[PDB]
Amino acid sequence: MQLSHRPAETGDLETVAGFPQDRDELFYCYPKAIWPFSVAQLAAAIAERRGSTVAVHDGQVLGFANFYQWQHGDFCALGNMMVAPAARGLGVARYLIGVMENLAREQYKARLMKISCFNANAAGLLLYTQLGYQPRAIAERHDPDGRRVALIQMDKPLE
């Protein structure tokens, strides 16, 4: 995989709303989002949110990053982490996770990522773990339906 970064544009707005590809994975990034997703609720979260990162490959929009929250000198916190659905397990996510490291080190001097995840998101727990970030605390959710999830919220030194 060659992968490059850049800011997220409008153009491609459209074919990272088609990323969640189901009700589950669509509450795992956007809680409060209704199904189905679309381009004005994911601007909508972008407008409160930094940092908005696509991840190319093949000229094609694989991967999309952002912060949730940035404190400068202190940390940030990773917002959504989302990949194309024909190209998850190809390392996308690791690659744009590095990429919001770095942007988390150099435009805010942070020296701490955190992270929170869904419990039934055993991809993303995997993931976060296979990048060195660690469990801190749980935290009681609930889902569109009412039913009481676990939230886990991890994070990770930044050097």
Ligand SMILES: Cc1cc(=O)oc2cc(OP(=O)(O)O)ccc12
Second form
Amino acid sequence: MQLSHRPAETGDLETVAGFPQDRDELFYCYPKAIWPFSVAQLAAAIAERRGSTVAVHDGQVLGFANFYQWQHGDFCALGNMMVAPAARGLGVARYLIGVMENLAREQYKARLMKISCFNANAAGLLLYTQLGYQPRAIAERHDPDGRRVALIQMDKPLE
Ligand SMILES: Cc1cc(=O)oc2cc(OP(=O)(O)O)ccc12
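Right, and the form deposited with ligand KLV bound of this protein, after the form deposited without ligand KLV?
Every chain and every other molecule in the complex is listed next, the one we just looked at coming first.
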């Protein structure tokens, strides 16, 4: 894996919008989105968020992430973390999370990164734990079927 990163571009939209493979995956990375996902929904998120970034390997966009909260001198909150289906488990999310941690430190002077993860997303909970994130709180949310889910709110000091 030879990964690089750059800001997301218009031309990447269609690729990235192809990443969520089912309603659960879309919900875990973008819970306000409606299935089926679309470029317009992704672009609307990008326009109201900050730091939309892609990860690239062998000429392919393999990952995407941004911030949905940012508070200068304080923290950022990571969201829209998506990985191409052929590139799962290969370190793309770990890579991009490290890039986003640097961006939060450098641009926003953040002392903390927040990641919230829905309870069903075991792979996410385990990854964030490996990367040094700690659970802090659990909040109730509702999924598109009106069923109660638990949002596990995690954080990590930055340096
Ligand atoms: C997990 C997740 C990803 C994302 O991109 O946005 C989120 C936005 C969220 O907003 P509320 O706290 O429900 O207002 C919750 C979770 C996420």
